[PDB]
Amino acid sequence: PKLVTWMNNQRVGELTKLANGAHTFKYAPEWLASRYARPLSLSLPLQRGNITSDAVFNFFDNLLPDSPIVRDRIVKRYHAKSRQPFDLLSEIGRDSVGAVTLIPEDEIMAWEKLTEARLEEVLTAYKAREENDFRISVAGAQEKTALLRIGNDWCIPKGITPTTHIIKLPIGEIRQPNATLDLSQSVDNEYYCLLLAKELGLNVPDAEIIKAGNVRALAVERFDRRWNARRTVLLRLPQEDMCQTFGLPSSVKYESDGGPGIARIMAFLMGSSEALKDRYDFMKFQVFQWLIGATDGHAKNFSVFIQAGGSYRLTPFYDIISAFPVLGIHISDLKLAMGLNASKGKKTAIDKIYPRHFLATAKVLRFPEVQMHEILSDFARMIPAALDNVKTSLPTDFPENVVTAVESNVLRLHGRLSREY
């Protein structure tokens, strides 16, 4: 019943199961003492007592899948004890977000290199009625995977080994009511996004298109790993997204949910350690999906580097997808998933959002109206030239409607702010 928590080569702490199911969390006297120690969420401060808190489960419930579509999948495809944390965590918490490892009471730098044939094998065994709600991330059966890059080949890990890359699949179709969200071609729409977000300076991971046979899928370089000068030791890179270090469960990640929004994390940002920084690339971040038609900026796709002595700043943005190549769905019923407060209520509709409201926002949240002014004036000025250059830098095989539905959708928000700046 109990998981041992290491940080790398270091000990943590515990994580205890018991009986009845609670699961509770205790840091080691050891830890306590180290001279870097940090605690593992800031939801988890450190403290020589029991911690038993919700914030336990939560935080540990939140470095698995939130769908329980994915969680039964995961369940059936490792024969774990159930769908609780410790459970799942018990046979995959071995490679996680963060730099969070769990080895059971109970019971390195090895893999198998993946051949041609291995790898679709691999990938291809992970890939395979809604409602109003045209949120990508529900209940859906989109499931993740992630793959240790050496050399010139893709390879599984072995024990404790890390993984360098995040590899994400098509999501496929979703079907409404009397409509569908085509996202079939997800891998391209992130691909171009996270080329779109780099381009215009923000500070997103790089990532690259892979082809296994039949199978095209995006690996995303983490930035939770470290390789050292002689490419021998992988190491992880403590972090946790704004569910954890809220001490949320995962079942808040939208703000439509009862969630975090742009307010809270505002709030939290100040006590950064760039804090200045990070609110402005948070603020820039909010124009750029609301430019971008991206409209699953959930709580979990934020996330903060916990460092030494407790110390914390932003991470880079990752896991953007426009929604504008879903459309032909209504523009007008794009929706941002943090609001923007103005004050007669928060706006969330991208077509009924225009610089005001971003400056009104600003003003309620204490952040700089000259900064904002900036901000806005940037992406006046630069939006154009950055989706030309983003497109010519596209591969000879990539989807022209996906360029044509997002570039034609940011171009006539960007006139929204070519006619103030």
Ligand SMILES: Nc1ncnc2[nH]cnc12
Contents of the next structure:
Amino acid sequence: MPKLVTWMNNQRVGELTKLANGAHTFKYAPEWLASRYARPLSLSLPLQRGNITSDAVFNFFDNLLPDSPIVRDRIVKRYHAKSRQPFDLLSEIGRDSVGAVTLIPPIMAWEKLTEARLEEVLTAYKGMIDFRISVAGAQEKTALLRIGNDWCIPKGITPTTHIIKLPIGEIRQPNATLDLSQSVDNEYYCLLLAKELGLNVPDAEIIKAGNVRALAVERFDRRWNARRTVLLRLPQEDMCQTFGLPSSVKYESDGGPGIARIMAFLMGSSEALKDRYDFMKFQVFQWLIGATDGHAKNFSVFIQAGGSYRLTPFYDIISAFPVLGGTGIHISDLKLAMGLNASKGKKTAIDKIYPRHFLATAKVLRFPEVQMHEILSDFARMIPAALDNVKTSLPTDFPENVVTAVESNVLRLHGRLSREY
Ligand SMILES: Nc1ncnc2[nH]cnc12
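Can you now output the form solved in complex with adenine? The one shown was the form solved without adenine.
Let's see the whole complex now, leading with the same chain.
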């Protein structure tokens, strides 16, 4: 299989190919391995000489594309590719993927979009199909460059600064109707509550183009230089990749990594203490806001010079509370993607989970009890105000049902905190 030079911003990293036998390989650029400021494209693909044939090569690149066959078919369609295989895919849109793995078979420009043209691109992304927000597996992610107060499409190899998500819509199941038509407002809101609570998350703005409302989340794998002259891409990978696992096992119930393996893995981070504290805090947070899709691919690390790594901010944060009620799901069905320790097993029922459960997990993970307590205690006295602040800071066209669905359910859980801290 032909080549596609792998680039990290403006540096040649290596080359990728494939074989007709069904195998895949990658090779590092000798001058890359010779630089003192070199670093592996993936922790699962250690810096080395000679092509790499391990499955980690395919998995890494295969984790760069949506794990949904439905979604891939669309891409393979509007782009015409041999098949759904990574290469054919990345050989078309690998110019602005996740991280800094720019692929290509002289720039610094873009193209502003009219409000009419903006609504044109967004609409380009959008029957009858263990609850998970991404069950429809029919949500195509896109990106756009934001210059000032305008939305533009990067021109050339120019990077994007925002990840764009359109409404998931209502999912029709045989015995249930999942109302995720307000997933944009959901995440927007959830990202504000997370920030207000001191969590490391990106900022997000709701795009208004025509009658379609979308979510624009700043990419933390990008960064403007001091003179706003160049927009740099930053190396990054998710837990599946770093562990050399396929996206098919991102969930723990499917054999994927849980809280234990990641916490242990973070002990080798350049910010071990901080990263373990933050990760653990996000678990309590997910529980509080009813975030059920905290799978392995929902956590990533920044690859730094020398092969050192550290936790990246948290992302794709969506509450399941808004989907509660009527013909939808019920609290009793809300389960964390990564279970906690139980008296004689695991706890995943957000409804049957209390402070004691998090404290029990910390102890076994060797996470300072005094820290777990501080996390529980900190939410106990900040949640009440946090909610109101977020609210009194929301637009006027923001749906009450969403805030009510989240706030109430949040205060309902937060009660178990105050009555202990
Ligand atoms: N905001 C973000 N920044 C970088 N990578 C992302 N992946 C998903 N959301 C992201």
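For the two forms, the rigid core is made up of the largest set of C-alpha atoms that agree within 1.5 Å on superposition. Residue numbers count along the first chain shown, from 1.
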| property | result |
| --- | --- |
| C-alpha displacement of 2 Å or more between these two forms on the rigid core, among 250, 186, 164, 341 | 341 |
| Core-aligned CA displacement of residue 21 at least 2 Å between these two forms | yes |
